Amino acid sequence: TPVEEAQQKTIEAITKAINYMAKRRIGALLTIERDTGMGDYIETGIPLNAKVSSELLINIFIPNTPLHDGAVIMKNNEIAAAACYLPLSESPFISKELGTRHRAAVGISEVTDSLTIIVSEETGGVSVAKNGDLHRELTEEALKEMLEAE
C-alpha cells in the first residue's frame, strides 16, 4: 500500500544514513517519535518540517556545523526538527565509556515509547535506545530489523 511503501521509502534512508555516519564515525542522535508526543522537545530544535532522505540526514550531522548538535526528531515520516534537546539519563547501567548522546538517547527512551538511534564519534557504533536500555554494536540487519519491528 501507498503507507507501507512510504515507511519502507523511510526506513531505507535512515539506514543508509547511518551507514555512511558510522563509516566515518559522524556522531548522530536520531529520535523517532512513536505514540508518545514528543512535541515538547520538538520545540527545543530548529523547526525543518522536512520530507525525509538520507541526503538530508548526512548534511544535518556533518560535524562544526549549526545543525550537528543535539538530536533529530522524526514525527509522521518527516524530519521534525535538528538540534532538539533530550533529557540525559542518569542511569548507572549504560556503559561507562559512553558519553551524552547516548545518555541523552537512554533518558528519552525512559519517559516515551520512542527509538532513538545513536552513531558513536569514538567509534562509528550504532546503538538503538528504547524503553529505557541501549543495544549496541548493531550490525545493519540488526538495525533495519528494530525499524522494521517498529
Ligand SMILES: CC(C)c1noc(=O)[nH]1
Given for the second form:
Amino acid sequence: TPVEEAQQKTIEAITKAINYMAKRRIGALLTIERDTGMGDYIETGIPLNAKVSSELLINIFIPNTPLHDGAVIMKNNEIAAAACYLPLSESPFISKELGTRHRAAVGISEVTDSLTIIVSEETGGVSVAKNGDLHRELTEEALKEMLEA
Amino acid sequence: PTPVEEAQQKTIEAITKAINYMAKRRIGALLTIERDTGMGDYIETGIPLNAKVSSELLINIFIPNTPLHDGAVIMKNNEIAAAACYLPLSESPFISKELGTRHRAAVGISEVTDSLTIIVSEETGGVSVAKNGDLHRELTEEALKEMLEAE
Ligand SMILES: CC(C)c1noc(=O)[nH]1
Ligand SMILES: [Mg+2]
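What about the form solved in complex with the named molecule, after the form deposited without the named molecule?
First the chain shown before, then all remaining chains and molecules of the complex.
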C-alpha cells in the first residue's frame, strides 16, 4: 500500500543516515514520535516540517553546524524539528561511559512511547532508547528490526 | 502589517542571516527564489525538502563535503522546496571568466525565469545576484537586503 511503501522508504532513509554517521563517528540523536505526543519538545527546536531523506538527516548532524546540537524529532513521516531539547535521565543504570546524548535519549523514553536512535561520537556505536532502557551496540539489521517492530 | 508581509520579512531575515554567515566563511552557495515563472522542472531534479525556512537550515545545507551542498537550493515563497538541484548553465559572455559553475548556473536560470538567485563565492566570499540574465557582484549586506525587499 502507499502507507506501507512510505514507511519503508522512511526506514531506509534513517538507516542509511545512521550508517553514514556511525562510520564517521558523528554524534546524533533522533527521536521518532509514536502515540505519546511530543509537541512540547518539538516546540523547543528549529521548525523544519521537512520530507525525510538520508541526505537531509546527514546534513543536520554535521559537527559545528547550527542544527546538530540537540535532537531531531520525527512525526508523521516528516522531520518536525531539529536541535530540540530532550530531558536528561537520572537513571543510575545507564552505562557509566555514556554522556548527555544517551541520557537525553533515555530520558525522553521514560516519559513517552517514542523510539530514539543515538550515534556515539566517541565510538560510532548505535543504540536505541525505548521504555527507559538503552539497547547498545546495534548492528544494522538489529536497528532495522527495531524500526520495523 | 498582514501575516503574508510579516512572513516575507521573516524569510528575508533568514536568507540574509544565512548568506552573511556563508560569505564570512567562504562557504559557496547557490540559492534561487522562485517568482512568477514556475520552477517545478528544476525543483524535481533535486532532493525534496519542502521545509520551513530558517537561517540554520540554509547554512547546514551548504556546508562543504556534505550530501546537499552541490547544486542549487530552490525556495518557493516561505519554504525550501529542494536542494542539490540542477540549473542550466549560461553561455553569456558577461560572466567574469574567473567565476565557476555556481555563477554560470545562476545566470542560466535567470535567463529563462524571473527568479532571483543569490550566489556566495567559495573563492572570495563575495555575494552576487542573478536576475534577468544579469549578474550583479560584490554586494554589500545592505544592498542584498534591499534587493530582496524589492523583489
Ligand atoms: C516509518 C517510521 C520509522 C517513522 N520514522 O519517522 C516517522 O514519523 N515514522
Ligand atoms: Mg560593484
